[PDB]
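In structure tokens, the next block holds one chain alone, the form solved without this ligand.
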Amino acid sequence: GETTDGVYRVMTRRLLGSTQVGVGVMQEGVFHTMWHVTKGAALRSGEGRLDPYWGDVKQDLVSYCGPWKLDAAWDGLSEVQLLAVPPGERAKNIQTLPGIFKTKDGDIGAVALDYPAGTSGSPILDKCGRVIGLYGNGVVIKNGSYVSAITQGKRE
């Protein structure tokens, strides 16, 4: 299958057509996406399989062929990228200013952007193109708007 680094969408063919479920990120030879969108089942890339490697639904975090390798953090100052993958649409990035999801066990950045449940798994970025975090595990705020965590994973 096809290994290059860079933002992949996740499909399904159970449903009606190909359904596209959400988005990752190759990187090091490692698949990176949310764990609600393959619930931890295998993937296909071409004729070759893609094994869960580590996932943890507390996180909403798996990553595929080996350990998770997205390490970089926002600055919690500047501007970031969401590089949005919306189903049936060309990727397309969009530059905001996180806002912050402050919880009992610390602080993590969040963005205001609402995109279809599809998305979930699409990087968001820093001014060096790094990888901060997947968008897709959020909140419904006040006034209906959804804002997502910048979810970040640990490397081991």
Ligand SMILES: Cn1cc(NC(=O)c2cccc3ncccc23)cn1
The other form holds:
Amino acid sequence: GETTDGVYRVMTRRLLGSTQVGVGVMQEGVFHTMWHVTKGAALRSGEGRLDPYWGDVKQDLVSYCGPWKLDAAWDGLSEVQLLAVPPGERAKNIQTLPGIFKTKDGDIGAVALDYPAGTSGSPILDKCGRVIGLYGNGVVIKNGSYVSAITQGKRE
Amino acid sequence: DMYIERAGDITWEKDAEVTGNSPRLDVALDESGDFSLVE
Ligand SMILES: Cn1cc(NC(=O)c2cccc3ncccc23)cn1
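Complement to the form solved without this ligand: the form deposited with this ligand bound:
Full assembly next; the chain just shown is listed first.
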């Protein structure tokens, strides 16, 4: 099917109508999403099939057709954009400066932009349009709003 | 069999909406890939 670079919607018909369970990034002939969106399942594009290649439930990441390709990193200073893709709505850039997840293993960029879980897998970009990570794994805060890590994988 | 549909080019927009804050949260992560707050 479609192997063009860009952002995609991840849909199912295993519920009422067609439901968007998440989002992903096609780059260098590899599809990149969050593990919680597909649970490692195969995907259809056209009449073509995408088979899982790499996945990790703890990173909550999964690649199709090839190894993880996205290696760019939040610089720690500059604003970023959630190129969000909500369910039933057009792609929309939402610009912000990332806050911080502090953990025993290290510090991770975060974004506090709440959206349907169906936006899970939407790519976060830097000033050069490089994907520095995916939106949709983080935490509900006192407020009640959601804050997402900038989840990035490792390129081999 | 879950299916995908394309949605756009991977582009920074000049003159895009600038919202969202920058919090400093103390976070943990469980073996099942769920983040949690550590007060
Ligand atoms: C099993 N699992 C599910 C997730 N992520 C979410 O559900 C989620 C993603 C994005 C935005 C959200 N806003 C409010 C509430 C949840 C979310 C991570 N792991």
